[PDB]
Amino acid sequence: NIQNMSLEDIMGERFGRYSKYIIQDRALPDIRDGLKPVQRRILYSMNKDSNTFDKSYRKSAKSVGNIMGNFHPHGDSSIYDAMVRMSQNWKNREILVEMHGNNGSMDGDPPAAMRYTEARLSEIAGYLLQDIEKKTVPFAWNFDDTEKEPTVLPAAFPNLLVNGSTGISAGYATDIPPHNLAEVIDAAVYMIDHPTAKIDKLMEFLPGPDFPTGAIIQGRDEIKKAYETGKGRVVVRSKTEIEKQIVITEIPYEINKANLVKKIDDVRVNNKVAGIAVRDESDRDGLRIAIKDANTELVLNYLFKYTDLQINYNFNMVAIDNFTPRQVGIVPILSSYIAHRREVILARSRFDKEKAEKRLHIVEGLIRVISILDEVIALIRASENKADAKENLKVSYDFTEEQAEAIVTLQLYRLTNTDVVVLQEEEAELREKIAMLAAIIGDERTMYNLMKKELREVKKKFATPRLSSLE
Amino acid sequence: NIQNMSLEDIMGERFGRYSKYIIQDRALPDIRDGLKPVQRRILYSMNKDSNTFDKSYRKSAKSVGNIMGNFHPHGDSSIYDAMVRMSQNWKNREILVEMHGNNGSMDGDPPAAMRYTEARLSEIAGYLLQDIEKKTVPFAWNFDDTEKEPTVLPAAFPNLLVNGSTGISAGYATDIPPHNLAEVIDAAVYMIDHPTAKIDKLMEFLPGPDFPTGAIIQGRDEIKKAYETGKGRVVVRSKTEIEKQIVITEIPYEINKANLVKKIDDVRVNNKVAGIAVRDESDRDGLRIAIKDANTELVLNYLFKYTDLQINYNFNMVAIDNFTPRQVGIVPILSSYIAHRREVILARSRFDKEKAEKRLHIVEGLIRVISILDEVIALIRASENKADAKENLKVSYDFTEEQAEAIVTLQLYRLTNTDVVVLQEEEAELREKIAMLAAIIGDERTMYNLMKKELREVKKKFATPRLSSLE
Amino acid sequence: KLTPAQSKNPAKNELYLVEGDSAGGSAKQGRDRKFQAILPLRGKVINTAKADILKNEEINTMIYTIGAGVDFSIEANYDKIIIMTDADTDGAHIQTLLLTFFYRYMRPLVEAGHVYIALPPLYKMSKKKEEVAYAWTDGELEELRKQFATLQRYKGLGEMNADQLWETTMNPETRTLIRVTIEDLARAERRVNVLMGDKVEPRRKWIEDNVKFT
Amino acid sequence: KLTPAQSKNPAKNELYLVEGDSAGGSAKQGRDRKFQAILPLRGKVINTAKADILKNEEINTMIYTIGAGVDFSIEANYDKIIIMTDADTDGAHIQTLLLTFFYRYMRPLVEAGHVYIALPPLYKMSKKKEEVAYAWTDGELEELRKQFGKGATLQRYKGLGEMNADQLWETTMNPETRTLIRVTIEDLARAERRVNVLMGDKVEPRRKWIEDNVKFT
DNA sequence: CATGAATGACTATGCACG
DNA sequence: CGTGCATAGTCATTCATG
Ligand SMILES: [Mg+2]
Ligand SMILES: [Mg+2]
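Protein chains in written order, with the authors' numbering: chain B, 3 to 246, 253 to 285, 287 to 300, 304 to 483; chain A, 3 to 246, 253 to 285, 287 to 300, 304 to 483; chain D, 415 to 464, 468 to 487, 490 to 494, 496 to 547, 551 to 571, 575 to 640; chain C, 415 to 464, 468 to 487, 490 to 494, 496 to 547, 551 to 640.
Simulated from the structure, these hints should not be mistaken for lab results. Some hints could be false.
Straight-line alpha carbon distances no greater than 25 Å define the calculated DSS-like cross-link-like pairs of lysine-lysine that follow [unchecked claim]:
1. D:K472 / A:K270
2. C:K448 / B:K270
3. B:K137 / B:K370
Please put together the full structure from these sequences, using the hints given.
Pasting the structure below:
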């Protein structure tokens, strides 16, 4: 047996498969939680294993093996390296993993092997997961059909813009600048109220990228273009001070302090520019780079051109919406994030309401029993099996099924507490909760308002000043 | 501040530390479960995670990460590679791990990376762990003080001789030939009855090594020396057949079929011997190597000398007894194994007896309640708290503490079954079990007899014909 | 380095190209050494359609072990060169890459009918008495699941055993192969140059217009 | 390749020898770049007491970055060469190995008082308000545990790369609060005798040395 | 120079894009 | 060239012993 296929056609299928997987499943972030899958699987798996900010740290390698084993059929290194990025304050704005030990730096030194380091999920990280456990989001099977995985996260905050993301796949690549969590949410909220929102006004809220490495960003015009179209070019200049000497205390995002320094000194030895006179003295708590004819402005101004003390940063904002590559601006990203939070909210409530209704129906039941208690126990005693017990209650006092298991499985000290007042209290509580919920579920404005609250409550907790400045 | 130390003294401490750890904790097998620590930690960790022969397979890398994280502060590779040996039928006699996928072979091809393979604990492996969960063996803390680890295994069978072990540390090295589980146990049992046993008689049972690769072993004299002193030299000859051509269907333990073949053909091309005429045609299910002037006996006889078709195997039987390196013979190894099983047995029983006595005292209690039931419930109702409930029972019917929790926490359908006959049945059962146990615990012959039974029950299940032959 | 067959016969001996050593192990193990030779590659293969080339160990070795040469000339050395990659999607990329190498350079080899693709299982599903199936991609899975379970997924060839790899995807009696032939040249060049090409501008449009992201 | 200090001054600059890149990272990070230079080795070091030698990258580099040479001659290049290894037992072996290299070849260096051993924590134990201790070997641990009583968390550095920058400095590099070991030799005869047994090539005696001297309790 | 646990690292590839 | 996820590999060293 042999099937005869062409070259053209075989080349087609085979490429088409890979092109797809690469785009969705590997490189490109979901527009909703702004996460690539490795990231997602790391968060989910870690949190599932409860490895949270409040509890102790956990040997990264264990973490990696568990992900690989349960969720992610790939190299250890691919996973762990990604895990390490998420622990990189100069790379991510709001970090989603805390690691203890050597995880590289701005000098580019390489992160310590996984058998060394230890990691946990950060605080804000939890907010990405929040309400996961309440059927708020679509699950799939893992590769083995052994256990189910989330396809996206709830996403309490708009991770995508916040922490940016890059960015290389077949046909598409992406770069998205980090942003100021506070500012981002401001925009989100505004759009929630005035959906038909123009960029110019959105800009009043989200004015442009916030880099974790501070720096100076210049190019309002092109920035707008980026936010409108999804593509743009911006200028980023290290932050310069003059001492009486050039003091550098911030450099451009994604740039390598170490090599950056050598490139500067190479300028001196090559004596390519005039007054060139270059030392790096930075330590655990601050960045400092030190640089006759004080043609200083010429030296500095030249440096910007001829080196990476000032670079440009490029916008290619490409995410996955509707299972597909899209290049989008602030408006699509924001809108879609919002709409997500809606489904999440409604799903949350729907699940909560049912949870409520069950214990309510069960409580309603216990209440009735409290009044027939003497006779009820009498019945149970005269009953043959546990099941015979249940079935006799259903026949006589026509309790329901679930009410039966509940009354029967009741331990005994629970009889110590016959007191319909308390049950009534809980019942009042439930009824209040349910009718409140049913509102969100069918009150569309009531729903969006809750979206607004939660977002504000987040903006408050994780809010942080700007670090990058705009010129 | 600086402490001034010599070279002689510093060199002393530093070496003395390493020398110790290396001997005990790394290389040398415990004489009781005949396991090096990595091995032990792999078994324990796997089994703890219930990764057993009866249930599905589990992604090796997950396995490795968990060991590394919980028990074993070292390289992934060190651990996994060891895990892979334990999955090697041509290396171990009775295998303690089953792996699915490519785990090397006799051609020496390298095992597939861990992210590929999947593994579980074998069947007999469980017997090494059996009764672990009943406080049968000394536990220690892990490196992190986060969780406790066994210092040796129960060891239902005499793993050390069975699967042999090697073998490199500071000052000491070890090689121990695998042995025939059936034969080994035979010896063990005999010694159990006639402890003052001479080797010559033990030899009647354990006659010498059983290699997993079959082969022919010649040197009864030196073998005895090995079993007596702990050191010996033996001859091992591949098993030869003549077809009308030389057919090889077994080679010597620890020998590399692949290179072995090249070395043979190198003989031909170097035309070092006469009739040299060499092909390897072995496939998944059988070993076959194929080799004018039919000076055949000269060719074969030469091959033995000039190549590894016949080698010698060396005995260096060195294990850890009493926390220290010892070179020992069959008698020490057997005796010590036996004495171990004693402690294990007695500890098992001691723990079982207590478990018994508690439920017995609790059962005895329920029995009493069945007769006061009406009034007891009445009390519970008139009681204020769960605790107030308990305390009132202790005051009135002077039940004990534990009896109280038991009667109180009783669910309700449990009342459906008021029937002192059944409880009495269980009580009879317990009393019989306890008095039986107390015997083993203080009856020394009764104890050794149970040792004999369990050993036989094992010899039966895992028994296997000899594979190596003795000349 | 390669694991060649016993007999050296260019009339009925096959070359099995594999994604790496780990996979290669299972290859060598489950195999009729009479006429089956096995050659590992170190992962993803240089895009030959994008001096850089011949200097790449992995390509250079393929050339040597096959005979012929890059020009080309033929009959060396096996009447089948079979590409056997992991069953996952990265496998398809390597298939893609290897093929454009053959098509670009070894063209006649391809034009002839001497380039084969081997199609090893991705999923195996199971329910003394056992029932077992094999699936080759996600689609296949659903029907298998409905039919049956424990599902096993081969994250690479090194993950199945010797018996399996043979019985499913090497033994000619029960195996099934793909034979790669070219029925234009124009269409071929056109396609390979877009997908594997160097321009991207069009590759993207090809995805956009052709990749069903459902 | 090495991560050298800013000032090039053989009067007060130190060379930190480390067990590898991962550890080296934490080294470079928590450190006063004014006078602290850092050189990684690839794991276990050639037993110099057992041409094979000089051909071993790891030894050859050490020689070059230090000046002097193997013969020797002195003042290059730092008034301290400090051996900083993982705090576990494999660390002690590397300490052992490095020292016999210095003692064998760079002898005066050793005889002088320019070879140092750095003593970084192995265990850190913890109970807004925090109480923290450091232990250096199993013995130390028991008293620490007893002290901290309940609620403690114990951390064990399976290698330097596992502690942070602040820690490595504050504990084991900053001269104000650090403590170093200075290796001097008070015989030569005793030295040779000892090194040749332990690190030697004969084994027959090494064993007896263990037997008679290693307390396997 | 293997052998078995350990110490500690490195290299080639695709993919879009400035 | 580097960037971030992926594909897949390799090397030095210790220790005892034939
Ligand atoms: Mg693969
Ligand atoms: Mg270390």
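- prompt: What are the numbers of the hints that this structure violates, sorted from low to high?
  reply: Violated: hint 1 alone.
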